[PDB]
Each structure stands twice: as structure tokens, then as C-alpha cells.
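Student: One-letter residues, chain by chain:
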Amino acid sequence: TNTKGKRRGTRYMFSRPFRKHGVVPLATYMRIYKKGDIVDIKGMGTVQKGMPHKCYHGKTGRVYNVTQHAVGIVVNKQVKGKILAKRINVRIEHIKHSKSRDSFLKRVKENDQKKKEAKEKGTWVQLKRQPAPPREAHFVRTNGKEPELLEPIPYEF
Amino acid sequence: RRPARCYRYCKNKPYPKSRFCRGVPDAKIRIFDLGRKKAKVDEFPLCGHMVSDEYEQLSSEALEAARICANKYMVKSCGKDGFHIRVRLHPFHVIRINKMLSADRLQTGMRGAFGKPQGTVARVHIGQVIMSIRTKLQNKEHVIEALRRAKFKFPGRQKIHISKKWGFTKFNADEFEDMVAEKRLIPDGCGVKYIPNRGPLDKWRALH
Amino acid sequence: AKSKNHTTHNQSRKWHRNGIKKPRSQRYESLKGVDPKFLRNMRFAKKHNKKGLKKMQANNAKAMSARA
Amino acid sequence: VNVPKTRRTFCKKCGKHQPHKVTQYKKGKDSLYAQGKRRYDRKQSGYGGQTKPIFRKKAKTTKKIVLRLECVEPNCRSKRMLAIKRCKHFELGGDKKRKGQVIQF
RNA sequence: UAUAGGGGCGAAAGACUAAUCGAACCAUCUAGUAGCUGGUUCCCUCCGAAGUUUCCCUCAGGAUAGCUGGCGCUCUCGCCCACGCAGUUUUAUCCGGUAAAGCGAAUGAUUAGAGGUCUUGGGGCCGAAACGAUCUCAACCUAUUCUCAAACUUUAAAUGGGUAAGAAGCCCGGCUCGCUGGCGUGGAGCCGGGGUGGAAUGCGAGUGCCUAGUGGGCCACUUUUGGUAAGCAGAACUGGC
RNA sequence: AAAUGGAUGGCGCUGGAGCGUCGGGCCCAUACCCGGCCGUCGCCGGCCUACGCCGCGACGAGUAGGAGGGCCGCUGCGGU
RNA sequence: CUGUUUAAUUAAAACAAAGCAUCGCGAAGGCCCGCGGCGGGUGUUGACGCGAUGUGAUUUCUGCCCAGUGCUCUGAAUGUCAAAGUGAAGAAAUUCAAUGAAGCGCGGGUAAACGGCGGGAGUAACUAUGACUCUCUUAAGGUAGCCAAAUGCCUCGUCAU
RNA sequence: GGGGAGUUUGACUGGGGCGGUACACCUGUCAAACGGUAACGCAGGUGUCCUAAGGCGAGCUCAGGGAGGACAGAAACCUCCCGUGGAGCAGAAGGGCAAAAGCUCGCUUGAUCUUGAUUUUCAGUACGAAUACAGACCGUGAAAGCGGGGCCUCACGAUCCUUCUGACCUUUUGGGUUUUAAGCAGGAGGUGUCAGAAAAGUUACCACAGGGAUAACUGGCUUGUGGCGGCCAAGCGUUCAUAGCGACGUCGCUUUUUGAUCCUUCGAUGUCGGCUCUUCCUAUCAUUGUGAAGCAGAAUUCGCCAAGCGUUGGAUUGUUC
RNA sequence: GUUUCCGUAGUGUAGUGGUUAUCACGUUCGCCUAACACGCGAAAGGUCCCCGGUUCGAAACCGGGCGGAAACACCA
RNA sequence: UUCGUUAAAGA
RNA sequence: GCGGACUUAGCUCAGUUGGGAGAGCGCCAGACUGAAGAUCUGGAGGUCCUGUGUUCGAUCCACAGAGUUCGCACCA
RNA sequence: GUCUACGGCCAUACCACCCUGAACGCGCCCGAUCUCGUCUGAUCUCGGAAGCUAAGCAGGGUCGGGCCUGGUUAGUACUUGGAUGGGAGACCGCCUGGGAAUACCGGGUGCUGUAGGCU
Ligand SMILES: [Mg+2]
Ligand SMILES: [Mg+2]
Ligand SMILES: [Mg+2]
Ligand SMILES: [Mg+2]
Ligand SMILES: [Mg+2]
Ligand SMILES: [Mg+2]
Ligand SMILES: [Mg+2]
Ligand SMILES: [Mg+2]
Ligand SMILES: [Mg+2]
Ligand SMILES: [Mg+2]
Ligand SMILES: [Mg+2]
Ligand SMILES: [Mg+2]
Ligand SMILES: [Mg+2]
Ligand SMILES: [Mg+2]
Ligand SMILES: [Mg+2]
Ligand SMILES: [Mg+2]
Ligand SMILES: [Mg+2]
Ligand SMILES: [Mg+2]
Ligand SMILES: [Mg+2]
Ligand SMILES: [Mg+2]
Ligand SMILES: [Mg+2]
Ligand SMILES: [Mg+2]
Ligand SMILES: [Mg+2]
Ligand SMILES: [Mg+2]
Ligand SMILES: [Mg+2]
Ligand SMILES: [Mg+2]
Ligand SMILES: [Mg+2]
Ligand SMILES: [Mg+2]
Ligand SMILES: [Mg+2]
Ligand SMILES: [Mg+2]
Ligand SMILES: [Mg+2]
Ligand SMILES: [Mg+2]
Ligand SMILES: [Mg+2]
Ligand SMILES: [Mg+2]
Ligand SMILES: [Mg+2]
Ligand SMILES: [Mg+2]
Ligand SMILES: [Mg+2]
Ligand SMILES: [Mg+2]
Ligand SMILES: [Mg+2]
Ligand SMILES: [Mg+2]
Ligand SMILES: [Mg+2]
Ligand SMILES: [Mg+2]
Ligand SMILES: [Mg+2]
Ligand SMILES: [Mg+2]
Ligand SMILES: [Mg+2]
Ligand SMILES: [Mg+2]
Ligand SMILES: [Mg+2]
Ligand SMILES: [Mg+2]
Ligand SMILES: [Mg+2]
Ligand SMILES: [Mg+2]
Ligand SMILES: [Mg+2]
Ligand SMILES: [Mg+2]
Ligand SMILES: [Mg+2]
Ligand SMILES: [Mg+2]
Ligand SMILES: [Mg+2]
Ligand SMILES: [Mg+2]
Ligand SMILES: [Mg+2]
Ligand SMILES: [Mg+2]
Ligand SMILES: [Mg+2]
Ligand SMILES: [Mg+2]
Ligand SMILES: [Mg+2]
Ligand SMILES: [Zn+2]
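Chains as they are written, first to last, in the deposited numbering: chain AT, 2 to 158; chain AI, 3 to 104, 108 to 213; chain Ab, 2 to 69; chain Ao, 2 to 106.
Among the hints, erroneous ones may be present.
Said to hold, decoys possible - EDC-like cross-link-like pairs, simulated, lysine to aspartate or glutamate; straight-line CA separation at most 16 Å: (1) AI:175 / AI:44; (2) AI:30 / AI:63; (3) AI:39 / AI:193; (4) AT:87 / Ab:30; (5) AI:15 / AI:58; (6) AT:36 / Ab:30; (7) AI:164 / AT:157; (8) AI:121 / AI:28; (9) AT:35 / AT:103; (10) AI:169 / AI:183; (11) AI:74 / AI:150; (12) AI:170 / AT:157; (13) AT:35 / Ab:36; (14) AT:36 / Ab:36; (15) AI:78 / AI:146; (16) AT:50 / AT:94; (17) AI:156 / AI:146; (18) AI:169 / AT:157; (19) AI:164 / AI:55; (20) AI:170 / AI:182; (21) AI:40 / AI:83.
Stated by the list, open to error - Some chain AT residues flagged as far from chain Ab (calculated, every beta-carbon gap over 10 Å): (22) 38; (23) 41; (24) 59; (25) 100.
Simulated from the structure, these hints should not be mistaken for lab results.
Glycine included, C-beta positions come from ideal geometry on N, C-alpha and C.
With the hints as constraints, model all of the structure from the sequences given.
Tutor: So, in C-alpha cells, the structure goes:
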């Protein structure tokens, strides 16, 4: 009763935002898409040959197959029953990388460097990411001036 | 003409006269200024305005009857060209009617549920100004009495406020007399142009 | 005789009665669905690995075990 | 629509692009002594009335125009079929148009 | 005495035909069929729902999926540290275009005043007429100003969705390729070796078969469509009957 | 201003048994804690009906439905 | 009119009726029964008869349309039209071609057969009313009569009693 | 050939029918910033069109505005400048597009044959549509590359049967040849109720199994409509707003009308009016006691306490009226 | 109320298969006649219901109103 | 073959 | 789907064993009459439904198609 | 301190107007016989090199328009979760958390890779 065709809710989602119409930039193409690359999906309005679907916009998947001028991505899509790994063929203009895995590899490199320093100098490192700790017993300063007294203001329309 | 008891506080999305409505008749109000329309800014110093309190819908016929009552009290108190009243509110929301009996059950149930356009009302937020009257300094109480006569005619509860600003502009009456003479404000009809300092120098050379 | 048409009420609760599952277990991912020219690369590479890997990798393992 | 007389299309006998005479496909006269025709005559003979159903409520007004493509080359004679989408009026092979034509209504 | 059942007979009401006639009676097929009413017989224990997706001459029904039960199987804790999981949070990483706000920003509406002068059109005025010249209205432009938009928008929340937080991961060395190709170039596969202390909290997990019932729902805070409104009709999250 | 006579539940209540802000005590549900007993489940002990005997701990509602136990019961058959 | 009928909710304006009409039939026949026979009813009958219909005494009339649907007459001069029969090709099954019996069509009649019968505009010494005229129109355009009727929504139509 | 026989009379539906298709597929909103998400919700569509409006390459920039130029004017043709999409892309909209996906020109049918994979609806079934590949034969371009229909979102169809196409294919039954027939693979003939039965009406002579899942009475929610009050006062009232009235606006009450819904009632609550009879309310027609008038008297009008008691006989219509 | 159809000179109309102002009656002028009717030849007379969108171009294609003409409004 | 009308009076 | 019939001037029609378009009613202008009608004379008006093929030449021959009509048969 | 060829980020780098440009380079320019395509050597191609920075171009400037960023707007409008909070409703207030935009004001206006040449 909504007449579920292809892209029936995409008035804003597959649109180039503002002051960014025209030809596609070439650094979108000039990227290294190997296997296992955790990449995002963000649809385009210029190239109509490789729109994934309206359901896969903003999702994040893993590359399994690479071809001449597209790529193949496995994406966990949620349906009524349970989430499913689905094999999609999306062109290159719709795909950018995800920097979360890059930050994790930076943390792995720093942990390997700290473990090398630990094995070298016998120094304990605490390489586990502890979360935001409670504030320690720090010591404030109020020199020079008295604390400014604040009062609530009267009501004026 | 249905009563205003059945068309009240907002329960629908705004449905304006547009490409998709195409069927609303003409509104009751057509004009919006009644006083001295060509009044300059330095002529009438103060203004009193009428602030709503309830998130309601005011009808165009209510705006008509209220502006007629306020105009009549103004021309009986301070005469013609001694005031300038502006209805700030403009009606755009189109209410709908689902009429029947056109004493029988055998014409229409709830089959065609969507209704035809009846008239135009105006969605009013809390604090939105209904009317504003600018006058002289000596006509302080007459604006109060005119908006008080309009208060009994608008539905719901609403208050009156004598503004700190100099008339219809957004600048203060305390700063107006000291600041239009030195640098910034230049009168342009009933409105006031505020110039910044980020202009070309030809504007400053045309001044002074 | 008009009935209720469609709803999604009392559906997510039935979904979470049984613990919505990731597939969560794919070691050595499934190989079908990949470019047949790449398959003509990989299968011929695998069968010539089965054929001609013996002596060079054996002597290399002996060399790295002698040097290690 | 308009299709031409000749067309160079892949024929499956020699495996190269060869020109093809393009003709309109007549449906063809139905032959007696076919399997379902003899079965329907055997089922119809007797006091049974109309045994198999007969179609009544036609709704489509157009038919898919299919083209008989024949290989023009001698001693090949590759004949096959190419379907087009649904069209109401169908010009056979002539009267191409231009852009500098006056309206002259 | 004659007319006997889809027959008789009817001055015609479809009336009469053995208390039955818009098709008599008796027996048989026959325990006709029914998605439709009513009913369905001892106790205790354990687990325990749905009125929803899709399809059907489908709408009082059924099939399928979902929810549920039963039967197990494969493993794991039980003697500085295993794997895995989550209606949860954090750390990053992307996604949106709703509330809001705006229209002196595009689209669409809409109010009033001012300044400017190319323009044609209404008036009288300098006067044989004259873009020779004067005033005003008309319209246009400029800079303002009033009020909005579910099918407008530059901006853009809160809430929310996907992904990663390791031994299936890093690093090194080498073989294969009929893929690719300046190049032992690239890319995949295969082999060998080295280091598991890699966010918070909680939890022992994975998997196979068979199947009942369900397929008429309702109410409430909140977000909402039609209606004046309804203990009205229809949607979303959560909870309850 | 509405139709039988009637509803802060009624009775009554004004230095309150009304209204708004509150303080200290007090009353109870199958809710919570401790304890006795039954049952289910989980983990377990023993070379004492092994289908029995103990040990510890956590939980028990429920229509449609699905299982398990019955030294519940009726009728008849072979053993006893 | 006398008569008859819904026995057990109707007694009638209902049915029947004489009168008026129409059609089929000269018996190897008209209308019917029967599973069957040259078997039966009308028929021990013969157009002043039998069978089938509409209207319903007497008086006065039976308006106009065969466009439609039926019925009927007429012709191988003539389209279409099935078996069987004919001719050709072939090894044969089979295919093709001509000829064509009824029916339909083509032509006529039939309304006491089913049935049907108009809306506009302008026009006479005050006004209305409008004999009259013009246009589109069908097959024919409601004629003689009758009426707010047992038939008229507006309607408790208007006037008189 | 209704003389007789058998069978059918789609579904949704604020009861049924008529009306409509919300029955198949699209666009934007509802849709609450992932996605999905309803109604006979809203605004608009579709059963086509195209041998080019497909594919490639090259060249050029559109709509509009200003200024000029013989006839020439508001619009005939040319030139210069401004010109970010204000035009065009076949059609309903949304998105997108400027040495372009737009206009013109030149060649060409890739709108060709074939096996798998994936996305969409979804049960992760099918059809339809689409995407990335792969293998042949090609088009264009100098080459890069692009192209296996339309810039994308829709524009379409199962089993059985028929017809056509293909192998120098298989079986035609004891063995050969030949005609024929059957099969294999893919196009068509079509199921618009669009996952697809072949289907007219009436029953007031009706029957059966059921439903208050579902109308026609009351009662229940609401008060649009009806009726009855109030608020501010522009005016009527010779003067004078409020003795009596009161528009333009606006707030309410009641169920004596009507409407909306379907909550109970379908193994039945006997469904209009009249007669007789009892009781209750006040929004008072009269009577008792009062206030105010444009209350001289009389007669009226507007209010308060007030339902104790009265509130007719008839012609008409079945009447309520 | 719902579904179809129509609106054009003073009057009844034709005309879209997009790009006109068509016929007939009526008015005015002049002729034939002694003069009228009749007859003739011209002329005027159109907001193609009003307001908008499609395009090079609309009355025509479409939409919102305006005013009409047919059909239905049944069971309780 | 067809061709309509012209009052009241006026000798 | 089969067989067969008709498309001509503004209207109704004619026209083969093919050398090609006419009759009547229409329109216009003359004459006749005191005027009209009839009559006489002189003009204007055919895309013969469309495309192709044979012939030197096709309205007439054939094929295909486009509107109208007549019967006939109906497995999805 | 620059430019040329190819570029990446796509206005901090676009538009209007005014000044500056030494040397390579870019260009305007100088003519159609061959390659070339036009109504026109105007556009595109062919061998130049007499002048010129007038223009493009490259810098700078405008209390410049725009663009980006930062204050203000504002802990406001909104908003997850809660209450036997208020009010007849309309809506509003409180606890816990998150938190936007226009006006108004202030600052900037290109950064770079590869290959090559001038001072
Ligand atoms: Mg349901
Ligand atoms: Mg058989
Ligand atoms: Mg037979
Ligand atoms: Mg029988
Ligand atoms: Mg009896
Ligand atoms: Mg019966
Ligand atoms: Mg029987
Ligand atoms: Mg039984
Ligand atoms: Mg339990
Ligand atoms: Mg279906
Ligand atoms: Mg159902
Ligand atoms: Mg039931
Ligand atoms: Mg099931
Ligand atoms: Mg289980
Ligand atoms: Mg949205
Ligand atoms: Mg908003
Ligand atoms: Mg069961
Ligand atoms: Mg059920
Ligand atoms: Mg509801
Ligand atoms: Mg409960
Ligand atoms: Mg009390
Ligand atoms: Mg208290
Ligand atoms: Mg239990
Ligand atoms: Mg009786
Ligand atoms: Mg006889
Ligand atoms: Mg008689
Ligand atoms: Mg007669
Ligand atoms: Mg024969
Ligand atoms: Mg004859
Ligand atoms: Mg005849
Ligand atoms: Mg008259
Ligand atoms: Mg008459
Ligand atoms: Mg029958
Ligand atoms: Mg139904
Ligand atoms: Mg959404
Ligand atoms: Mg959401
Ligand atoms: Mg230019
Ligand atoms: Mg568009
Ligand atoms: Mg756009
Ligand atoms: Mg190009
Ligand atoms: Mg290929
Ligand atoms: Mg029947
Ligand atoms: Mg009766
Ligand atoms: Mg009867
Ligand atoms: Mg009312
Ligand atoms: Mg109900
Ligand atoms: Mg009811
Ligand atoms: Mg309900
Ligand atoms: Mg009962
Ligand atoms: Mg009773
Ligand atoms: Mg009873
Ligand atoms: Mg009393
Ligand atoms: Mg005379
Ligand atoms: Mg040359
Ligand atoms: Mg040349
Ligand atoms: Mg030159
Ligand atoms: Mg320069
Ligand atoms: Mg210079
Ligand atoms: Mg600059
Ligand atoms: Mg600036
Ligand atoms: Mg809240
Ligand atoms: Zn070939």
C-alpha cells in the first residue's frame, strides 16, 4: 500500500548536498580497495549505474570481490527475522573507507611499540585502554580575587 | 459558518493555500494597516502590542471584527491620522469541513472522510504578537483601551505590553533619540535602515 | 465487517524472545560469487602449488632451520 | 514502431555477425493431428459439452511483435526470432524521418 | 370410474393433490457435505504463546514465516592466565534531513512604506503641435519591512542505525599463477617461523529434528492521520489486559 | 437549567474531618529479609530397592497448547 | 350483470363470462401425449369445426409509426454455410480446389404482434396569452377523448360548493 | 430449441447496494533525521512512445534579459554583452546533468548469442525490473574506454495446449528407409480479480447453517446540526449603546430534532400513531408574592423566588407535525 | 449528494483529427414596387462562461470555481 | 406553371 | 481467424473481354417574362481510399493495408 | 620570489572595478602552399616571430559583494527518561541528561605533489 518500488523514499538521501554538484572528483576513484577492507556505503546521485539500494545507505561492510570498475561488499542487513550477511555489487563512486579500523591499527602499533619497550627495559606499561577515570583529589586556586557572587535575575518580558 | 468552538487549538499539520490545496475561498481580511499608513518614524514615538498566551488558532473573521473595533475606537478617540495600527498576524492555515445532510441516513456515512476547505485561520504561538499600534506619547491609555476592546473579542487569554522599542523597529526607544542623530540609523519611510560599518566608502562619502 | 489492517506492535518483543543472531561464524569465507578470471588465476595457482612446490620449499625450510 | 529491412546480428550457425532479412512473424495455421488437438477432439467427442475451458475476459490490446531474422548469406539459412516490447502500431520497414521537415499542417 | 409427482388437476389463489404442496408420501444412496453453532469425560508437576509478514474468488478459512513445546547431540568451568555471547555503556568511525530555525537565501505564498527614473497608459497645466519642458497616478528596479509552508530550504539538534575494540590478529622469509604486466610490477593462493597481559559490566555456549495452538484483538504515557468530537476509525516505540 | 429520590462511598465535617506547604509516629499485600515444610531444576557424594539412599544452592502464577509421573480408577487376558 | 376462488389471516377492483377480434389447419393436416410402433387425445370430428391467444355486456370510436425485436412470403439471379459425394498432388495417411441443402443476410408484408408517440426561440393597438413563423430533430412525434382520478414528486396545485 | 436439464452471479467496503479501485505497478508526503510502518488519507500518474528519443565520437550551449540593425510592430532574421541551470532530457513527479546525461552532425545496430552470481518485493519462493562479472561475434573512437536498450525510480504474465526457430540431436516399441507424431532448449499466443475458474438476473412464495465480526428501535460516547443562554458593544430606539433590542466576533449548556460510531441485543427486548392512567423537570402560559420600563390609568413587555394547582371542545390527515 | 454532458454575435448551432470566428434567424443601409410583405447585395454584431497551468501557438489539452441538462438516491 | 395586401372617406 | 461485399465532384450515382472520367441535383453569369419557376447557353468543381508490382500506360489487373458491413468457427 | 605542463583539495582560491609585471615561459599577433574544416584562416589545423604587455594570465588594493572560521543569539528554541506536579482544557513548571540556527560583531581570503626554466 506504499507501493514498495526501488528508491521510494530517497528525495534527500541520494542527493548531492549543496555547492557540490557537477563532475565527480577523481580521488573517489583513485583508492585502494583490497580484500577485507571495512568500507562505508554512501550513495550518489550523479552515477546511476551502481546505486546499492535505499536500505544500505550509511551502512558498513567488508569487501569480498573486486572487479574492473566496481566492488563487492558483504553487509549485515536487519530484516524481520534476523540479521543476514548479504553480497552486494556496488560501484566505486558510492564507497569510502572507514577510519575506525585505521585507529585500531594505530593502537595496535602503539601497543607493539610499548610491549617492545617493556621487554627491553623491564617497565610495566598498562597497555589496556581504561575508560575515563574519576577525578583525582586536585587542588584549586582562588588567589587574587574573591569568588564572584551570582544571583538570579528578575523577570522582564 | 460553523462556530469557533469546533475550530480551536492546533491538531493538524499546516495546510496552506498552495499548488495542492486549490480550493480555499478568499479570506475575510484583505488589508492589514488602517491608521496613518505613510507615517514617518519620528512622528509617533511609542507602540503598544498584544501578546498571546495560548497556542491557539485565530480566525480571519475574528481578526476582521477585532481590527474594525480597534479602528473604530481609535477614530473616536484620537481621530483619523493620529495612530498607526498593524495586524502582525497573517492567516494561512486552511481548515476543512466534512458536511452532511445534503434528515436522512441514506446519503453519506464516513465513506469520503477527507473534507473540503471551509476558511482560513492563523496558528498563533505563545508570545507571538497579534496587533501593534504606534501613537504619540499622550495616547498611552487609548492604545490600552483599544487593545482591551479587542481582548474581549479574541478567544482565549492574552495580555498587553507597551514595548521598549521605538515603534515597529527592533531598536530601543532609549537608544533611538541618541543614536539616530550621530551615526547609524537613517529613516526610510515608516521603516528604518540600519547601516553597518562594513560597507564601501562611497556610502560614507554620500553621508555627512 | 472491517478488520484491523496492519501493525508492527508486539513484533520486536517476539524478535528478542529468541536472541537476534549474527551469523557470527565464517572462518575461511565462502568462495563462490567471485570473478571467474580471478578463479582461473587461483585454481591454476593452487594445482601448480600441488605440483611443483616440493624441493624448493623443502630446501628453504632446511636452510632456515639450519640458520635458526 | 519502425524496424529496418536488414540487420546485422549474430546467427548461431556460423557464429559471426551476418546480415539478416527481418520479416513479420505470422502466428501460423494450427495443424490437426497434434497431441493436444487429438486429445481435445477425443475429449470433445461425446455428450460432455465444452470440456476444457474457453477464455473470455481479454484485457490486453497489444501483442509483442516478434521478428523473423533470416541469414542473407547462401547455404546458411539461419532463421530465429527476436521479440520487441508491446507496441500498438507497427511500421514494417520504411519511411524514416528527418529533423528539417516542415510541419505543413 | 379416469387423470399419480417435475406428474395430475385447477372459472387461476402457484390454490388442491389424505392435518404436508413455489414440487406429496415411504424406503435406499446416507452416518450426503459443511470454512458454520453447541459439546468433548481422572489428578499432580514443568514449560508456555498469538492475533503479525507474504500468498490464495482470499476477508468467519487455509498455506508459509514468526511466537511455543518435546527429544537430543557437540563442547566448556569445575586446581599470570580459555573461547564465545549481549534489547547495555565507553572510545573512535561513518549515516540521516525530523523537532527547531530561516526566507534583507533558491521555490512557493504574502503586508506596508520609502528612494530612483528607461517605459507605455489615464488627467489637467506652459501652447498652433513638438521624447522643447513641468506635476501626479500606472508599472519596473533598488535597499528595507510583516507573516508563513506535510508534498520549501542554506543550517541543523535530541533520540537512533551500521562498523572495530586481536592469537581467525601483526611481522618476517620463501614457492605457484594459464590473472595482470616496463620491471622478482601488482594481486591472490600455498609453506615455514616469532612473540596472547590488548575497553567497562554481566553471562556457560553452539547446533539438529518433530510439532501443537495462533492467523477477530483491546487499553495506556508519548509521537501522530481523517473527523467538530467520540468509550470513533487508522499508524510508531514501550508496557499491560 | 432536566427530568423516580441520591450521592467527596455514606455519616458528618468550619480553632477543620476543606485548601496549599511540610515534620515526627502509626496501619498492611501473596512485595522484601530470616526461618519450617513440599516440589522442580542445577551441581554432587557413596560398591546402599543403584529405577534406592543422602548433601548444597536457586527458583515455583498462568488460558490455547506441549511433555513427564501417577502405589489414581474401570473392564477383561497370561503369569503370580 | 348471475357465477367462481387463496379449505386454516383476504371473497375483491381478482378469475370466469356472452360479445368483439386475430392466427394455424382441407386429414400423408393444425395443436398435443408417449421410451417404443404410421401407437394415441381432439375424432362417433371436417372451417357455422377443432386448437391457441388479446380484450371483456350495450352505445360511440379503434388515431399515427415495420426504425428495433418477433412472425410470415419469395426467388440455387445471389454472399456465407456441415457431413457425404467429385477432381488433382503423393508410396499412402494427408493436404488442396470446385460445386453447395436448411438457416442468417439480401427484398416485401404484418402493430385488435411485443411495443413507441419531443425539446427550443420570437411573434396581435395595457400586460399576459400567445392562432402564426424559423431552426435541429425521429420511424412516428400523443389524435379523438380524460384527469391532480385507484394514475400529479412539487401539492394540503388554483377557483367554486 | 429456457419446452426441459445442470451450473454461476468476483473481492474490498465505517452494514449491504449504487458510487469508486485504495485489487497489479510508480512519484512526493503522511513516516516521528537507518530501514520498515495503516486507512475508500492527501496531490498526481501507467497498460504506452521511440530505427532513434539505442550505442559511440566530435562540435556547440540553453530558458530569460539588455543594446543595436530597411520594410519590422509585442512576438519574423542577424550581431554584441549578461546569462549556475531559472531551459531541455517522450510522457506524473522526485533525484541528477553545462567543453554534460542537453542541441546539431557522422557511422552503426550491443535492443546480438550463452552459463552462473547478486539486489529489489520477499517466506529471503516465483514473475517483473536491475547490478557487477565471464565467454564469443561486433559498433564507435586516434586511443583510453564506453555499449549486451531508453540517465535512474514502473510501464508488465505461471501449469497444460498451440505456433515458430536449432542440431546434418533422441524415441517412433521385432529390424531397416521415408512421411508423420513425441521430446530437448527459447520467443510468441494470456490469465487487468494482474502468483492466473470458463459464468446474467429476480425472489414481497422463499429455505437452511450462522453473525449483534454486520445495519433497521431504544439505551451509551460526541454535539456537527437543532434548541436555549452569556460575554465586548458598531448601531435601532425623535434625543440617548445596554427600558426593550443588538450586527461583526466569541464562550457555553441540553439531548425535546437530526447526524456520526457500533459498545450490548440475531437459539427475537413485539417495530408508528391514538385512547386510558401515574409520576417527574423548568428553559413560567396563567395564578401567589416582587423588581424595571419609552410603567398617567387600562393593556403589555423584560427579570427573581416559584412546578403547589391548571394548562379545553372540535372540522381536516393513519398521522408525529 | 453522486455519476455523465453542455456553455460560442441579440437568438439556436457547426467547428479541433491544437494554430478558423461557420451556418441560419434577427438589426441597419440601398435596390425592385405607387407603397408594403416577399426577394436581393453588403455591413456591423464574439470575453468561444470566469480565473490559471501545458507549448512556438489554447476556447480546443488539463485544473479550480460559476450556471445549467439527464440518471440514481432502495431494504429495513 | 405561379404571382399576396392596400382602411375610413372623399363628386 | 476464414470467405465475400462498398469506398468517385458539395450530394446521389454510372464507367474494363484496360488508351481513362460523365449524368442529375448543387454554385456563378447571361437570355427569355411585367416579375418568379421550368427552359436555353456558357463557365467552375474529382485527392477515382492509401502503398507497391506487371504493362508503354492501371479508377478498372494483382498483392498488402485503412474505415463500413455480412455470415461462419472458437482447448490456454 | 616565481612561471610552464599534468594535477589533488573544489570559491580562504568566484564576481565587479583600479594599479604593478624586470628575465624564461604563457599569450595577443604575423599568412594560407601543403594536413584541415568553415558563409567567413572568426573557430580548429600548417611553417613563422615584426611588435606588445593594451587583454588573458600572475601579484596587490577596495571601511567591496560572496566563501570559510570564531563570538553573540543561548544554556534559549527543541529533546531521551520520570512523577498521585499545576491547569477544565490550552499547554506550562520541576529532576536527570544532550543541545541548534538567522539577525548583530570580529578575522582571513589559497595550500600543495610530480617534471621542467628563469632572478
Ligand atoms: Mg486481522
Ligand atoms: Mg478417456
Ligand atoms: Mg456429437
Ligand atoms: Mg427432479
Ligand atoms: Mg393439504
Ligand atoms: Mg419452493
Ligand atoms: Mg424432487
Ligand atoms: Mg458424523
Ligand atoms: Mg513460567
Ligand atoms: Mg491475487
Ligand atoms: Mg484475512
Ligand atoms: Mg465463530
Ligand atoms: Mg506453521
Ligand atoms: Mg525449545
Ligand atoms: Mg523525510
Ligand atoms: Mg517546523
Ligand atoms: Mg494439536
Ligand atoms: Mg478466527
Ligand atoms: Mg483505535
Ligand atoms: Mg497485568
Ligand atoms: Mg456530601
Ligand atoms: Mg491538607
Ligand atoms: Mg505452573
Ligand atoms: Mg375471508
Ligand atoms: Mg390433426
Ligand atoms: Mg365491449
Ligand atoms: Mg391502435
Ligand atoms: Mg469430405
Ligand atoms: Mg427487388
Ligand atoms: Mg424487412
Ligand atoms: Mg407581444
Ligand atoms: Mg393530448
Ligand atoms: Mg434453467
Ligand atoms: Mg462484501
Ligand atoms: Mg523513514
Ligand atoms: Mg525513525
Ligand atoms: Mg559570454
Ligand atoms: Mg523532474
Ligand atoms: Mg531538479
Ligand atoms: Mg561529448
Ligand atoms: Mg563482453
Ligand atoms: Mg437463480
Ligand atoms: Mg402485498
Ligand atoms: Mg403471486
Ligand atoms: Mg449550534
Ligand atoms: Mg458492535
Ligand atoms: Mg447501533
Ligand atoms: Mg472497532
Ligand atoms: Mg435474548
Ligand atoms: Mg417484554
Ligand atoms: Mg419475548
Ligand atoms: Mg406537580
Ligand atoms: Mg378599400
Ligand atoms: Mg588551402
Ligand atoms: Mg579543404
Ligand atoms: Mg588568422
Ligand atoms: Mg597580460
Ligand atoms: Mg596592464
Ligand atoms: Mg585577489
Ligand atoms: Mg567582503
Ligand atoms: Mg516529558
Ligand atoms: Zn550465418
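Student: Determine for every hint whether it applies to the structure shown.
Tutor: So, going through the hints one by one against the coordinates:
1. AI:175 / AI:44: holds (15 Å)
2. AI:30 / AI:63: holds (6 Å)
3. AI:39 / AI:193: holds (14 Å)
4. AT:87 / Ab:30: Judged against 16 Å, a Cα distance of about 13 Å means the pair holds.
5. AI:15 / AI:58: holds (13 Å)
6. AT:36 / Ab:30: holds (12 Å)
7. AI:164 / AT:157: Satisfied, since the Cα-Cα distance of roughly 14 Å is no more than 16 Å.
8. AI:121 / AI:28: Measuring from Cα to Cα gives roughly 14 Å; hence the hint holds.
9. AT:35 / AT:103: holds (14 Å)
10. AI:169 / AI:183: Distance of about 15 Å is within 16 Å: holds.
11. AI:74 / AI:150: Holds - the C-alpha atoms of residue 150 (chain AI) and residue 74 (chain AI) are around 12 Å apart, at most 16 Å.
12. AI:170 / AT:157: Roughly 14 Å separates the two Cα atoms, so the pair holds.
13. AT:35 / Ab:36: Roughly 14 Å separates the two Cα atoms, so the pair holds.
14. AT:36 / Ab:36: holds (13 Å)
15. AI:78 / AI:146: With Cα atoms ~14 Å apart, residue 78 (chain AI) and residue 146 (chain AI) stay inside 16 Å; holds.
16. AT:50 / AT:94: Roughly 10 Å separates the two Cα atoms, so the pair holds.
17. AI:156 / AI:146: holds (15 Å)
18. AI:169 / AT:157: holds (11 Å)
19. AI:164 / AI:55: holds (7 Å)
20. AI:170 / AI:182: holds (12 Å)
21. AI:40 / AI:83: holds (9 Å)
22. 38: Fine: 14 Å to the nearest Cβ keeps residue 38 (chain AT) off the interface.
23. 41: Correct as stated: the minimum Cβ-Cβ distance to chain Ab is 19 Å, above 10 Å.
24. 59: holds (19 Å)
25. 100: Non-interface label stands for residue 100 (chain AT): nearest chain Ab Cβ at 23 Å, farther than 10 Å.
Of the numbered hints given earlier, the model fails none.
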